[PDB]
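What follows is a single chain, given as structure tokens, in the form deposited in one PDB entry.
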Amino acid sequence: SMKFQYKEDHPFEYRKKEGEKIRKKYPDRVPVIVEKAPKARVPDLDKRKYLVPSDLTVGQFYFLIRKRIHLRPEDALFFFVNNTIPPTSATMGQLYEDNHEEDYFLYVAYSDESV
């Protein structure tokens, strides 16, 4: 029951129209909404909505987020999707297939704590 602002700020039917449009316009990409888990002691990620190549790996996405938020490299970083932590070698396309919500978006939280 993690809140995401894009969900908090728009009704379902608006989101689903928008996810379906973008999936129609970019069939080899997936739309992903990323937010820091609340009260995780890591920097916030300012840009929250991404259109990502389906073949991009979780680990590649980690590396992009780490750079953007200036995470020190001793610090850990984990994705949460529906309370699970995906394998670093999973693709974002597979993560989307397995977890996208009914508005056709994938919602990803992150923290430097896995537990």
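Here, rigid core means the biggest group of C-alpha atoms that superpose within 1.5 Å across both forms. Residue numbers count along the first chain shown, from 1. What changes on going to the form deposited in another entry:
Measuring CA movement between the two forms with the rigid core aligned, the set 37, 76, 64, 51 has one residue at 2 Å or more: 76.
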Given for the second form:
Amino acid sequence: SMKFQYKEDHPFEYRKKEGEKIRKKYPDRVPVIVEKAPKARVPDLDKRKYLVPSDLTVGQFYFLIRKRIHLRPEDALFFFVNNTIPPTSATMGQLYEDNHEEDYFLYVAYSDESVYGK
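With the form deposited in one PDB entry already on screen, would you show the form deposited in another entry?
Since only the chain itself is given, any partners or molecules it might have are not part of what comes next.
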């Protein structure tokens, strides 16, 4: 029951063409949409559409997103993919292949809460 607003701004056919094309142009990268979860009490990131090395781990990706967001040091942040916090040691390539949608994008939500949408 994940709701990514990005899917409302671009038609599916447009997204799928872009996802397939960017994967063909940069096979060592994965395209990722990173969006604040419903109800999250965190700011939005400056950017939503990312291109990520496939061998980067989830923990490294978290480091870089947690660094970029406008939070104080004490503030909490959690990621969700398909309603589930991803494993720190997984690669972004694995996470992408396991979870990308039919448009060839991976969708990651983030929240201050440990359960998506709370």
